[PDB]
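Read off the chains here:
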Amino acid sequence: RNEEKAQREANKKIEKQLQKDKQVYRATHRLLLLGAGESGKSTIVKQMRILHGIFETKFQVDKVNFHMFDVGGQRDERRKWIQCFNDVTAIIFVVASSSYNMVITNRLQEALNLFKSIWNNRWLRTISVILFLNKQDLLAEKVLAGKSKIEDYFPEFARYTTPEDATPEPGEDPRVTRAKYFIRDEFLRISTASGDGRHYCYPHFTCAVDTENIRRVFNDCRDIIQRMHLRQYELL
Amino acid sequence: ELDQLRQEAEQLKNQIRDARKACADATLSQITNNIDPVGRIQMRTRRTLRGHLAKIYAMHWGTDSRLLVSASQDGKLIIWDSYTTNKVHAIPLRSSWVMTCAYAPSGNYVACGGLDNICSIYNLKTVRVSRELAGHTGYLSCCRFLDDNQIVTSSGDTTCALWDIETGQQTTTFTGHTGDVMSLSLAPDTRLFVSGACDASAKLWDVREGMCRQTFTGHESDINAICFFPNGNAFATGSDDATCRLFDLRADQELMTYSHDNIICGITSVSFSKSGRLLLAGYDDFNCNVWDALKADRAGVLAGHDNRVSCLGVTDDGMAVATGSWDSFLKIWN
Amino acid sequence: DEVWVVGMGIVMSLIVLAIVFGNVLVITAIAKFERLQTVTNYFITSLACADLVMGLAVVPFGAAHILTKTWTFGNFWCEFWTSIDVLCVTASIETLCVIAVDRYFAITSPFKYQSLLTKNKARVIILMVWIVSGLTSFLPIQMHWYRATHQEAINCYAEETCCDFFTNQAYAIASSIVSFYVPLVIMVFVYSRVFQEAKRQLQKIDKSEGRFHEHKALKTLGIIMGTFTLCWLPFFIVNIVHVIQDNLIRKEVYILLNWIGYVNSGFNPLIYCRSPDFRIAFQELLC
Amino acid sequence: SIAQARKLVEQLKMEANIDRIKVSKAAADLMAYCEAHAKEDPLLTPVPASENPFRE
Ligand SMILES: Nc1nc2c(ncn2[C@@H]2O[C@H](COP(=O)(O)OP(=O)(O)OP(=O)(O)O)[C@@H](O)[C@H]2O)c(=O)[nH]1
Ligand SMILES: CN[C@@H]1CCc2c(ccc(O)c2O)[C@H]1O
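From first to last, the protein sequence lines stand for chains A, B, R and G.
Mapped onto the authors' numbering, the consecutive letters of the first sequence carry residue numbers 13 to 64, 206 to 257, 263 to 394.
Mapped onto the authors' numbering, the consecutive letters of the second sequence carry residue numbers 3 to 128, 133 to 340.
Mapped onto the authors' numbering, the consecutive letters of the third sequence carry residue numbers 29 to 241, 268 to 341.
For the fourth sequence, the authors' numbering begins at 8 and goes up steadily by one.
In case anyone wonders, no lab produced these hints; they're calculated from the structure.
For every residue, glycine included, the Cβ atom is placed at its ideal position computed from N, Cα and C.
Careful, some of the hints might be misleading.
[As the list claims (entries may be wrong)] Below, simulated DSSO-like cross-link-like pairs (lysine-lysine); rule was C-alpha separation at most 30 Å, straight line:
| hint | chain 1 | residue 1 | chain 2 | residue 2 |
| --- | --- | --- | --- | --- |
| 1 | B | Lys280 | A | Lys32 |
| 2 | A | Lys28 | R | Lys149 |
| 3 | A | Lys305 | R | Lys273 |
| 4 | R | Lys273 | A | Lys211 |
| 5 | B | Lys57 | R | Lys227 |
| 6 | G | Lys20 | B | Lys23 |
| 7 | A | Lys25 | B | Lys127 |
| 8 | R | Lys149 | A | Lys24 |
| 9 | G | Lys14 | B | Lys23 |
| 10 | G | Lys20 | B | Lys301 |
| 11 | R | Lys147 | A | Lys25 |
| 12 | A | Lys233 | G | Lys46 |
| 13 | A | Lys58 | R | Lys270 |
| 14 | A | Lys216 | R | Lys273 |
| 15 | A | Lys274 | B | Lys23 |
| 16 | R | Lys227 | A | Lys28 |
| 17 | B | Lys301 | A | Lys233 |
| 18 | R | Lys149 | A | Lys25 |
| 19 | R | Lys60 | A | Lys216 |
| 20 | A | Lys28 | R | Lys270 |
| 21 | A | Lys32 | R | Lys149 |
| 22 | B | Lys280 | G | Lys14 |
| 23 | B | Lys23 | G | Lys46 |
| 24 | G | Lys20 | B | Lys15 |
| 25 | R | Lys273 | R | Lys305 |
| 26 | R | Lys232 | R | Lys140 |
| 27 | G | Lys46 | B | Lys301 |
| 28 | R | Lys273 | A | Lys24 |
| 29 | B | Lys15 | A | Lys24 |
| 30 | G | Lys20 | B | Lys280 |
| 31 | A | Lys28 | B | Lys23 |
| 32 | R | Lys232 | A | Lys34 |
| 33 | A | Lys216 | B | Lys57 |
| 34 | A | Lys28 | B | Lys15 |
| 35 | B | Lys337 | R | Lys60 |
| 36 | R | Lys149 | A | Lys34 |
[As the list claims (entries may be wrong)] A few chain B residues that face chain A, going by a derived Cβ cut-off under 10 Å, partial list only:
| hint | residue |
| --- | --- |
| 37 | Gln75 |
| 38 | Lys78 |
| 39 | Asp186 |
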């Protein structure tokens, strides 16, 4: 007789604990950090780390809790560790934009292939991607009076011209702007090929010095959630 | 000289294939043709368990056919009571990613692992962490309690190991696979176990000897789940090409294949019944199917889940079957 | 003569049947499946329940009164019928206001939507709306505070076979303000803000990516504001004008507009239940 | 990595010397076991609700 009462009390306690934990589970937002090797993924986290087999990082922005999960120690050409990440809010992609000359095949081509594989994955059909184009000043140094040229490694650069809607940063030559926008459009072509209106991409330009990486991620996550809510009610 | 060694290996494969083909006296369907079919089978839900905040990947029935355990991605293990549909324990985790769980044969210990390369064991009656086993270089996929003082595990680094709880150091390490290993099953007498890797190959191991005995390469894609026949002389596998094949230890080749032209989804779980007549397999089409072992004829469908099925188990007494899905719900069928 | 009275019965019965069927189907579809048990789906459930109650209660009695041209029930039953009408009409609009406010909070406050809205708070809101709707219907109609003073009203009240709607200016203004005019400006402001946000997001997407790659927003907002406005606007204007100055609006026009208002019942399921999940649920059963 | 190759050859050599039986005998054994244990499968044979523990 008393066994039923004891089980009922235990069930009530467990239900209370689960109800308490549900709020904190729903409050936080989860992000995934994926990058190819030599990317800078490590440097970016510590600056974010300096401010407020697996790695977890906690940081709060405007009373909103974000949690970031580097997956590491498992280098796989084929990834089966990606079916578990279909509920994340956004995916942060880091690519070394200055390494088009470095030969392993090319590193930039390998990064493009990885991005194409990620974009078309079956379980990530409704996951947006935030793109960080690292190593800006190395690319500037290579482009400005450099023996190596993009023409040799990437032939279709020759037919590429600067977009009319571009907004080049002050004090830079047109050549570095052309290279940066060519790489960004090369990524955006794959982004657009099969967008289907369910998930987008947010390209960005950064360097070791920049400390705004925290504000950008927050704005992109807010935009992603707002766009998803807008699309849910058939308003976009 | 490497090409000459490759030539020698190529020659051996042909001899093994010829030896396997020489034993194909008659097909299984030809032998089993005069048996009356079991007819249509129907099952209805009896219990529904709620309380998991996220998707479920694994579950394991208890040895008394009363208790069961389940692990979800919210970072919690919950031990249920199917008779009274109420919970007994709720163990939080250090890491929120878990891919497997197991229940001790004596009902004393519970183990679980995830993306972090650590297998943790909890003492139910003392609920705190008891031992942490580390040394794998890849994510764990499945683990089974061979006894109360030793466990066998498989990871994503193309290896399987047999741990020692008291010492915490590896005892025997099995190597030979090429791709990731996702599942394993043990014989009733705990002398041999089988594993299914991602290179479309299944192997038979020896626990005591620590060496491989046989190799089966029937499938053509990734192998996700594996089950073992109650008799102890057969096993079944499920792959991503919507096919199930029943192999044989004594014959050393497959005997029957289960497939249909209206399904193009994957397979995530495979299990038998007490008598072995029924084959239960979960699919990616949000439901489950019940095959016939000796006829390859469909006999029933288990529907009711709003998302894909990622778990399956049958009690020791064979009185009910429980399924897990990404809809964060567990169901009992009878 | 007889043929004309003969005709409207068929269409009125069809209206009754459609009203009953749509809301009962929505209710059973939501109840049967656990995947639709959502916070935003409780307000729709309350709306469907209120609409079904109104369509099963007031419409047949009004049909019988119009066809027979003589109220054959007691005065208490007619008062109960009028109270049911007022309660259901009042409760069928504040639910739309609540839905609009919920959508506004969901869109304009994405990071606080989960914390602000809870399954426990939605029930409190629904009960508050229902109790305030039932406070303005039953309480002032069971008492005689709404009754007029002219001789025709008194003569009809004395007779046990006549009961029309006669009221003074105070109630005719207060009920209209509580039911329709107040929940209109809120909806207009909410939908204007939502449209502004949608236009801003579309402009941002076009600026970011439009080189490789409006009509949608208006259509959805339109099929939402215009249906309700066209259905319920004229009646809540004639309600004021025929009281502010007598001998302007005849009884026939008042009754016609009041019945035009009832036709809004059969359109809510076709507007708020067009999501693909609802289509799957409808195809699952009785299909 | 070539060193590996000899280890593979030994494994194939050890896995090729196994006695095998005709598939007819194995099929007959499976048939006999399934027929023998066919009367104790609650899933196969619908048991009366008196002994069913999940009948509410
Ligand atoms: N100029 C420049 N150099 C950088 C920047 N970030 C990193 N580097 C340099 O490039 C190196 C590459 O980053 P690592 O620290 O190796 O990061 P990691 O996570 O080990 O790199 P992966 O192999 O890509 O995973 C850094 O160690 C620095 O030497 C940057 O913003 N600007
Ligand atoms: C005759 N039927 C009544 C008349 C007055 C009235 C209605 C509805 C809502 C109101 O706020 C009202 O004042 C109608 O349903």
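Results for each hint:
1. With a C-alpha separation of about 41 Å, the suggested pair B/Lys280 and A/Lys32 falls outside the 30 Å cut-off, and the hint is violated.
2. Taking the CA atoms of A/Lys28 and R/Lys149, the gap is near 18 Å; set against the 30 Å cutoff, the hint holds.
3. Our distance criterion of 30 Å between C-alpha atoms is broken by A/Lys305 and R/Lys273, whose separation comes to about 57 Å.
4. Restraint check: the Cα-Cα separation between R/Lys273 and A/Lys211 comes to about 43 Å, which exceeds 30 Å; the hinted pair is violated.
5. Distance check on the hinted pair: B/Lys57 and R/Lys227 sit about 36 Å apart at the alpha-carbon level, beyond 30 Å; violated.
6. A threshold of 30 Å between alpha carbons decides the hint, and for G/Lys20 with B/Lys23 the separation of about 18 Å falls inside it, so the pair holds.
7. As the CA atoms of A/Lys25 and B/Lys127 are separated by approximately 19 Å, the hinted pair is consistent with the 30 Å bound.
8. For the given pair, R/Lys149 sits about 22 Å from A/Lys24 by alpha-carbon distance, which is consistent with the 30 Å threshold.
9. Between G/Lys14 and B/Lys23 the alpha-carbon distance is near 26 Å, which keeps this suggested pair within the 30 Å criterion.
10. In summary, the hint linking G/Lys20 to B/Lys301 is not supported, as the alpha carbons are separated by about 36 Å, beyond the 30 Å threshold.
11. Restraint check for R/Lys147 and A/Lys25: satisfied, since their Cα atoms lie roughly 20 Å apart, inside the 30 Å limit.
12. Taken as a hint, the A/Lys233 and G/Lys46 pair is broken in the structure, with Cα atoms around 42 Å apart against an allowance of 30 Å.
13. Proximity of A/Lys58 to R/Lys270 is assessed by CA-CA distance (about 44 Å); at most 30 Å being required, the pair is judged violated.
14. At roughly 37 Å between alpha-carbon atoms, A/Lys216 and R/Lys273 are farther apart than 30 Å, so this suggested pair is violated.
15. With a C-alpha separation of about 44 Å, the suggested pairing of A/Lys274 with B/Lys23 is violated against the 30 Å cut-off.
16. For the hint pairing R/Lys227 with A/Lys28, the CA-to-CA distance comes to about 43 Å; that exceeds 30 Å, so the pair is violated.
17. Distance hint between B/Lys301 and A/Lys233 is unfulfilled; the C-alpha atoms sit about 34 Å from each other, more than 30 Å.
18. Simply put, R/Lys149 and A/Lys25 have alpha-carbon atoms about 23 Å apart, close enough for the 30 Å limit, and the pair holds.
19. Between R/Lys60 and A/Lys216 the alpha-carbon distance is near 39 Å, which puts this suggested pair outside the 30 Å criterion.
20. Proposed proximity of A/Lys28 and R/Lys270 is contradicted: the alpha carbons are some 44 Å apart, above 30 Å.
21. Distance restraint check for A/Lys32 and R/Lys149: the Cα-Cα separation of roughly 16 Å lies within the 30 Å cut-off, and the hinted pair is therefore satisfied.
22. The suggested pairing of B/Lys280 with G/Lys14 is violated, with an alpha-carbon distance near 40 Å, which exceeds 30 Å.
23. A distance of roughly 35 Å separates the Cα atoms of B/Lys23 and G/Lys46; the hinted pair therefore is violated under the 30 Å criterion.
24. Among the hinted pairs, G/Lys20 with B/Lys15 is consistent with the structure: their alpha-carbon atoms are about 10 Å apart, no more than 30 Å.
25. For the hint pairing R/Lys273 with R/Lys305, the CA-to-CA distance comes to about 36 Å; that exceeds 30 Å, so the pair is violated.
26. Our distance criterion of 30 Å between C-alpha atoms is met by R/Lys232 and R/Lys140, whose separation comes to about 23 Å.
27. Between G/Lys46 and B/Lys301, the direct Cα distance comes to roughly 19 Å. Compliance with the 30 Å bound is thereby established for this hinted pair.
28. Taking the CA atoms of R/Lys273 and A/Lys24, the gap is near 49 Å; set against the 30 Å cutoff, the hint is violated.
29. Between B/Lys15 and A/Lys24 the alpha-carbon distance is near 62 Å, which puts this suggested pair outside the 30 Å criterion.
30. Under the criterion of a C-alpha separation no larger than 30 Å, the hint pairing G/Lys20 with B/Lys280 is inconsistent with the structure, at around 37 Å.
31. Distance restraint check for A/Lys28 and B/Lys23: the Cα-Cα separation of roughly 62 Å exceeds the 30 Å cut-off, and the hinted pair is therefore not satisfied.
32. Only pairs whose Cα atoms come within 30 Å are accepted, and R/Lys232 paired with A/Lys34 is rejected, the gap being roughly 34 Å.
33. Of the pairs offered as hints, the one joining A/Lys216 and B/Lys57 holds, with about 27 Å between alpha carbons and a cut-off of 30 Å not exceeded.
34. Proximity of A/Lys28 to B/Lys15 is assessed by CA-CA distance (about 61 Å); at most 30 Å being required, the pair is judged violated.
35. Between B/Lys337 and R/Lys60, the direct Cα distance comes to roughly 17 Å. Compliance with the 30 Å bound is thereby established for this hinted pair.
36. Taken as a hint, the R/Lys149 and A/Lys34 pair is honoured in the structure, with Cα atoms around 16 Å apart against an allowance of 30 Å.
37. This hint holds: B/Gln75 has a C-beta 7 Å from the nearest C-beta of chain A, less than the 10 Å allowed.
38. Using the Cβ-Cβ criterion of 10 Å, the hint placing B/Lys78 at the interface with chain A is satisfied: the shortest such distance is roughly 8 Å.
39. Hint status for B/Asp186 relative to chain A: holds, with the closest Cβ pair at about 6 Å, below 10 Å.
Violated hints for the displayed structure, listed by number in ascending order: 1, 3, 4, 5, 10, 12, 13, 14, 15, 16, 17, 19, 20, 22, 23, 25, 28, 29, 30, 31, 32 and 34.
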